[PDB]
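A single protein chain has been omitted; all remaining protein chains appear in their positions.
Chains: A and B, in written order; residue numbering restarts at 1 for each.
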Amino acid sequence: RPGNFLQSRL
Amino acid sequence: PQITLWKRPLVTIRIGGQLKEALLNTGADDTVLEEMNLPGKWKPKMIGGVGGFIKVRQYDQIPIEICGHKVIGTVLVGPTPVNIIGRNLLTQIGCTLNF
Partner (left out) sequence: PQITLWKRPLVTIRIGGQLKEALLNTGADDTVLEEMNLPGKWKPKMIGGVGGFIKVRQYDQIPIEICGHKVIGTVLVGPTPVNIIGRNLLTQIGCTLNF
């Protein structure tokens, strides 16, 4: 179950 | 509003005339929407998450409405499991973290 939506540009 | 964080901060957004639920995400640099079709030119991009990477379609200068705020910015479209409103748009609606 997805719960950590860290998102980073590269 | 002042949105508390006991629950996921989910708001309603509108893009291409589609209404969607999306997560207000201070941990995202960018705005990433679940797979959908959008008219326009796009560029491929790779983004990183906590345990992997997904490829996205980058659309620029897209009108998107967030919790009633009509803004314009970059939207990425790809296989995220949750629509994410990231800092590129959180800043346009004046969103801050307060404690």
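Keep this in mind: a contact is a pair of C-beta atoms (placed from the backbone, for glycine too) under 8 Å apart; a residue touches a chain by one contact, two chains touch by 3 or more.
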Among B:33, B:62 or B:84, contact with the omitted chain is made only by B:84
On chain B, the omitted chain is touched by residues 1-6, 8-9, 23-29, 32, 47-54, 67, 69, 80-82, 84, 87, 90-91, 93-99
Logged for chain A, residues touching the omitted partner chain are 2-8
